[PDB]
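Since the structure of chain D is provided, determine the placement of chains C, A, B, E, F, G and H on it from the hints.
Below are the chains, spelled out letter by letter.
There are 8 protein chains.
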Amino acid sequence: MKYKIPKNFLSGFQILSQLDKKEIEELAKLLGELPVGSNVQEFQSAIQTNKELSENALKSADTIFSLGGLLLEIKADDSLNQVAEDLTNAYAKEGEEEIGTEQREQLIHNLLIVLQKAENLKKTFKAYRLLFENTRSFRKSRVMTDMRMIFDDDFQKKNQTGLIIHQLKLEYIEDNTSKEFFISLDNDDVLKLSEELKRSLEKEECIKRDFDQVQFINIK
Amino acid sequence: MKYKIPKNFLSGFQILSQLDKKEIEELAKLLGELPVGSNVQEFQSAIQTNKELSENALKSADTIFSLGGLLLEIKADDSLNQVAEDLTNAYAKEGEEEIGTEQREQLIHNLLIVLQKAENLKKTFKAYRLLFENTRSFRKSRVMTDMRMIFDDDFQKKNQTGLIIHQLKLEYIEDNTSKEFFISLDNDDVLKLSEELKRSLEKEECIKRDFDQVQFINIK
Amino acid sequence: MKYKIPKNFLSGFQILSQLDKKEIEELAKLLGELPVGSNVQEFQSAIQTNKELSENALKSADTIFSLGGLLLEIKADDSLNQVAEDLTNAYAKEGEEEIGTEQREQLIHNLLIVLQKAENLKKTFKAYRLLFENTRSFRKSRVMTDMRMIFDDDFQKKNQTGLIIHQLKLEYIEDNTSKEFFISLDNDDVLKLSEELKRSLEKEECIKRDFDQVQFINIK
Amino acid sequence: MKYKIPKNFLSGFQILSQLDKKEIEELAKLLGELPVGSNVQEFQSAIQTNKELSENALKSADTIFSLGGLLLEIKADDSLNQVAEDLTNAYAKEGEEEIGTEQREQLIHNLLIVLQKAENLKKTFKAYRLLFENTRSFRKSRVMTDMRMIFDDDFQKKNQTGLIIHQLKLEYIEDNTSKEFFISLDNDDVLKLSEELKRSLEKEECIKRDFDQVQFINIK
Amino acid sequence: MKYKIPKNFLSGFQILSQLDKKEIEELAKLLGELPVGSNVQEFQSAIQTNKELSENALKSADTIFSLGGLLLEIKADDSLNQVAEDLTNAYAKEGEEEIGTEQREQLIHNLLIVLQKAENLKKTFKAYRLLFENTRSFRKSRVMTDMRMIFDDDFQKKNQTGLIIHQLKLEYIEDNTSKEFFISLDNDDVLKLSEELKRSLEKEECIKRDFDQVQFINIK
Amino acid sequence: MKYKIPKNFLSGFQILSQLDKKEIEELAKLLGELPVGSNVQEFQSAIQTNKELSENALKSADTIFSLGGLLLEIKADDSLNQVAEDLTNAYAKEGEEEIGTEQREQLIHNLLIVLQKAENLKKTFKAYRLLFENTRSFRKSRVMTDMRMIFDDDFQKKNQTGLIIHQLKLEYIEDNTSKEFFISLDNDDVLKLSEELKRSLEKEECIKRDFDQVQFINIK
Amino acid sequence: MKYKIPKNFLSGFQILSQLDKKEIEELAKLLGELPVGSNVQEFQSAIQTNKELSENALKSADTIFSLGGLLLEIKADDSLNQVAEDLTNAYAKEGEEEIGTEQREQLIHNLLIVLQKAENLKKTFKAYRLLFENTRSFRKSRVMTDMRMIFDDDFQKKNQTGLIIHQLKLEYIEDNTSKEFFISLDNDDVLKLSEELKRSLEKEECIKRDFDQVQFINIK
Amino acid sequence: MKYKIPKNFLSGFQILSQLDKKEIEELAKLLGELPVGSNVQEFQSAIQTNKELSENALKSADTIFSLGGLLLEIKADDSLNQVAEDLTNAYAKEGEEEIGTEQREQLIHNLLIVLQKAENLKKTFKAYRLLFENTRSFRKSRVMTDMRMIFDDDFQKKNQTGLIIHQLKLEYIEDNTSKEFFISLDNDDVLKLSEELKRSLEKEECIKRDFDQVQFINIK
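Protein chains in written order, with PDB author numbering: chain D, 1 to 220; chain C, 1 to 220; chain A, 1 to 220; chain B, 1 to 220; chain E, 1 to 220; chain F, 1 to 220; chain G, 1 to 220; chain H, 1 to 220.
It should be emphasised that the hints constitute simulated quantities derived from the structure, not laboratory data.
In this text, a Cβ means the ideal position worked out from N, Cα and C, and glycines have one as well.
Be aware that one or more of the hints could be misleading.
[Said to hold, decoys possible] Calculated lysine to any residue pairs in the SDA-like style (CA-CA distance at most 20 Å, straight line):
#	chain 1	residue 1	chain 2	residue 2
1	E	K208	G	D154
2	B	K126	H	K169
3	B	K192	A	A28
4	A	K192	B	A90
5	G	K140	G	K179
6	B	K169	B	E202
7	H	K59	B	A90
8	B	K179	H	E180
9	C	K208	D	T161
10	E	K169	E	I219
11	H	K169	G	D186
12	C	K51	C	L67
13	C	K140	A	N134
14	G	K2	G	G95
[As the list claims (entries may be wrong)] Here's a subset of chain E near chain G, in silico, CB distances under 8 Å, partners left out:
#	residue
15	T135
16	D175
17	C206
One chain only, chain D, in its complex shape:
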């Protein structure tokens, strides 16, 4: 490729020397049957739930899931086999080994075996990419609590005033980088967020109720 491949992806390149045909075609069938929209760990669950497949195929299947995104980040208008040939040539140029017709044939044969089945996986990784493809996004947050006190011009007095200052901390991404953001509240606004969000939840319930022809994704 024009990109450098560490063993996180080269592992498959090295391990592709034994895997056979029935197992790969059956896995393609299963993935076509697999509920589209699964995470890498979900694919690990699917693999571990196997009974017809050998344990050796697992060394790359989880990586194939990651390689799928690299395989499915590929441009659609570009020919699949031609792109495979180009990336194989570039990899051999900067790869760990010079490729003869034997390993080249095994690689490209398995590759076309894969892309022929990536409809579900193509859709899954398209879905995964898009949810982030905005200006900024979300990870997590907390809240804190204060009990600030009020000091008189007469320090000898008993201070007997109390407060509740909620705080909020959100975790959000821009340009593939993390940041912080802080803000101040009070009780009423808290209730108001809460009620508003609950009613939003009802709205999703209604939209879920409406469309039957579309199954809605729940990906993280």
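Same frame as chain D, now just chains C, A, B, E, F, G and H:
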């Protein structure tokens, strides 16, 4: 003053020519009895709930509440009567009228009558100032909803993929100015905010339970 | 209101003293029939195309369109008549006239006559608001042209090198304020933008082709 | 030099031990004949299209193209041979080898052989530098598509309103760093950009038509 | 002038119709004797401490102090009388009155009478300008106090941990505009600032001790 | 873990092979008795002040203090033993050694022995985290001194004007990064800061006087 | 227009009621003869140098120069007479007077009389606009001087070290707004700027020498 | 130290094993005689101009100059020998070798031999630090040239208008980082900068003329 006084505050300066002693002292007593931490509209409610006071005093009482903050934003270490004299002189310098001993005496007499009672009101306006006295604060927010669609490289296909992209818009202040801030979500994170806020609410319940010697303010 | 009303909106308040019932109900009927999503000038066209209505109603109808947004920016969960009463009271407080039962009744009667018909107009102004309700938006742009020249270390030579440096200037809004933004190009990139935009246009053609149950807005 | 030379440039320093005179002078002749304004890959094409040159010269020729910019970024008012001597001394100071008269002579001889021919290449690299030498520049962009939906206060209704919100994403450089920039559109503005750009293209056609004495560069 | 003169400065232009020679020359003498570096209020004190001068001259003397800066912001290399003539012509162009030889002569005569004495005042206003002539400067600050509390994972426990978080707020100017700046502390750092500043104060004492030939300004 | 552990923390993992029970339980007892809120160096002092403990335990105790924060940064709602198991599994995945039941048992046994005692240490590290958990914080500052001079339009004169321009430099953190900030002063403002800070110090004295039930932390 | 016209431009609208034909055509001839690229004050000089024209025409001629830019900022592709008609209609809509055929005819007749001659003036105002049409531009600058002193750890020593720290202040515009920018120097760099600028000046001399067919503008 | 020492500074630590007393004391004498304010290359010149010193001492003398800054960046109030002991202990902690009394004694003996002579060098490095110790500073700049052309609405015309748009590019530092800054000019402003700078140069000449008791530094 060094500050210019429009009729929002000069109205009292002009209207102070008739109000008598019993009404002002009784109002001071009531305010001392008034639950510390009331807003201007709450003071309007207290005034309208009156039965011993004349209607004429109302022309400034609501303004006295606003003048109280101007009266209670005053520096504590500075002598009350001396500060009154200085501000009266500066106002007469740039005010609507040159002050003789008559109006000056009425003004300063009523002033000392007021500051002698501003303990509750001093505390109230101190409280009001502080909650904002941070780097930034809060007014309001909304949410929206999208139903983005997914387009294939084969436009002739039925598009059958659906999404739910919540949006958030917060209203927050810096340097006495307003702004906006926008962000992206998904269902799980919504539930997570909701649960976290509910548990925060429980925390306030516990802290409320603990301290009996302090009555906690609920000011907006 | 809490907002001050100049004659851009007070004009209706002043002019509401003569308009009758048949004309207003017929205009409501027409607006219900009016293609939802029309601009103020489109409403002016609709008005000028009238034959059953008097010319006098025009003094506010165009303003009603603007007042509609102020009438339709109103919060939905708040009762229509109660909100009308509150805004009428606040306006009378700071308005040009104190309102008796006569003008108050005429105003509120016409108001409820209007809000009873604002479904199309509510939808229109919701639509108008939303397209802008993002982080930033668009007005206009240009391009320029340069013919920079290349100077040798030998100034006595004939300079015979030529260039074409397109420039771009976009007009965009943040926080209700305008700005500028500038950038550099070359021929290929120009062709590339052009082709990409044309293919986008085809995409809209396809989506337009798909959905028959939804009529898509073309508002500016 | 004062700059450190990795093998991307030191490779020539190491490989200069065999190349002969006829090949270098013929390559200088060819480059003088080479259409001024070629990229490194274009120079690679020119090299691979060779028939009189040995394959060994290629190890640095492509680097000479890159070294040319380092050789042609050099200040013009500074003497060529004196600058060569200074940079050779500094490199020997921090280089991979201490230079005797033999390698020093080979290096400086080849250097003066090169700079004697860099008129075309000097012009080319001047041209390459300048197009970027502004406040900010360009790489690429995309567009997206939305199909936002409109929700009533009556959720039980069929939502039948549709929209088309194009989006734009430009890739631009400041201070040798990349960024993003986002914006909102609608159909008309799209057509308007398109027509405006087409007419700009016509303008280049006219200017191309006018000047015959100047051949205009098309460099990327 | 090219600048517009309101009555803050036009007042002198209007009031210059009566003042005589002995008073102005004696005031020039006094100002030459006046301790260089006085503020406008200090000049007011000097004026009010007068016994030989008429009260009428005061209407502009305080403004002359302000006009002095406008008179001493003037460029030094430009001829004093020529600059006076130019500014008088421009003012008459956009002033409240067209100037004949009479008022023109009175104005310019008094002007040259003034600039002939502005050595002390020139130095004073130069001094005043410079202290601000940096990137940013100072007005004021405060501190606050917190008593944050520590909440356990076991809310039923008595919270018995205490803190002291000083805060700081500085007031500083850039581009003739004000801002804020906030920061966090603890006790040790407070002591450290305090000791460091005290030792700085000693340093000024030493430098004050050293130079006898220079009297150091204390201007605000 | 999901985080990589260098020998700053892996040292304990490697050294945990000999430490016994009485020493660890006695150290837990001591730490419970240790004044909550001690720094790593304070824990080193506590360790070196030992007489019942072996010297070998010291190899990790100081690291346990650092590991405590990593152990006490852990989420409270997550089960202690389950989190220990998860982190042990992940570490064994990317650790220096694959863990059998022997080292796993020793590790987890000691771990539960520790977390059973971390109340004081949990509170300490919570305290340590929080003081920084704001928008920005403090390290240090200096001051400088100038003796700027005043130059006349007559350079032949003796310059005899003197000044004192204090400067300030603060060291403050945002986003775990350092910066600078500079500002200008004069004598009065210096005195004013000094007096204000002294009076703040008195305020802490008063608050210290008030609450007896809470011991206030002095951590750096 | 869509823009509001104050008397800075409405003055011509009001004063156009007397001017005749010979004077306007002769002024058009003169302007065609006028050296293209003159400022408003240069046009004032040209007017005052008149002998065939009446003094009354001057009331707008200087404004015509300003109106020319408003007349020449007009879009070229739009028909001149049609644009005149549109702007006249809009002005009459929001102007000081409703226009009959008489004043409308006088206005439009004079307008077409003007635009028929604006070739020189069109070029002039195009030129004026462009020089600013970049990201930022220039007004002015200064320099200052320091004589900082060096303080020992032994304050009793004679300080005998001296420095020269030039400073620079530039005045530059972005988005039609002014700013500042500051920087630090030393003697050598000063000489270097000076020499570099002088050699640049020589470069302009050479380019001036080269092209005879083009007269270069010197506009401010 | 708390800082890590690479061989740029550890080289002296390793090479200090042979240097003798007479050479170091004579070099201290020479440096005391050396014109205070010399750069590292100036010290190299001084060293190479030696005749009494051995060549071996040169391996660190140039580094001593750099180590001097590290030796003279040291805090003045801290005891020299105590600081030496602390830094030696910390270095031995993280250094290349554990230090016995022999190398420790040689190191500390030479160290005290050095600091006893660093008055000139202390002053030099203080001077070096300060000139940069502002908000931002300077390296270099250029200028460019344009010959923009003016295009008519009638493209068939001969374009015969010419311009001269100087450009400026400055190189300046903030927070130890580099940047750019760009700006637009014209001929007059160029002359104006030039004249202003020349007159500034005269000002330095005058100040140089005035003070004889202070020798002014010229450091780069």
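Going through the hints against the structure:
1. Between the alpha carbons of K208(E) and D154(G) the distance comes to roughly 16 Å, so the proposed pair stays at or under 20 Å and holds.
2. A C-alpha spacing of about 17 Å is found between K126(B) and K169(H), which places the hinted pair at or below 20 Å, so the restraint holds.
3. Distance restraint check for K192(B) and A28(A): the Cα-Cα separation of roughly 36 Å exceeds the 20 Å cut-off, and the hinted pair is therefore not satisfied.
4. The hinted pair formed by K192(A) and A90(B) fails the criterion: a straight-line CA distance of about 46 Å is larger than 20 Å.
5. Distance hint between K140(G) and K179(G) is fulfilled; the C-alpha atoms sit about 11 Å from each other, no more than 20 Å.
6. Proposed proximity of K169(B) and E202(B) is contradicted: the alpha carbons are some 26 Å apart, above 20 Å.
7. For the proposed pair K59(H) and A90(B), the alpha carbon gap of about 18 Å is at most 20 Å, so the pair holds.
8. At roughly 17 Å between alpha-carbon atoms, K179(B) and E180(H) fall within 20 Å of each other, so this suggested pair holds.
9. Taking the CA atoms of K208(C) and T161(D), the gap is about 13 Å. The hint holds against a cut of 20 Å.
10. Taken as a hint, the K169(E) and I219(E) pair is broken in the structure, with Cα atoms around 24 Å apart against an allowance of 20 Å.
11. Only pairs whose Cα atoms come within 20 Å are accepted, and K169(H) paired with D186(G) is accepted, the gap being roughly 18 Å.
12. For the hint linking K51(C) to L67(C), the alpha-carbon distance of about 24 Å lies beyond 20 Å, and the restraint is violated.
13. Our distance criterion of 20 Å between C-alpha atoms is met by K140(C) and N134(A), whose separation comes to about 17 Å.
14. Between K2(G) and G95(G) the alpha-carbon distance is near 11 Å, which keeps this suggested pair within the 20 Å criterion.
15. Checking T135(E) against chain G by beta carbon gives a least distance of about 6 Å; that is within 8 Å, so the hint holds.
16. For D175(E), the interface hint holds, the least distance from its beta-carbon to any beta-carbon of chain G being 6 Å, beneath 8 Å.
17. About 5 Å separates the beta-carbon of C206(E) from the nearest beta-carbon of chain G, less than 8 Å, and the hint is met.
In summary, the numbered hints that this structure violates are 3, 4, 6, 10, 12.
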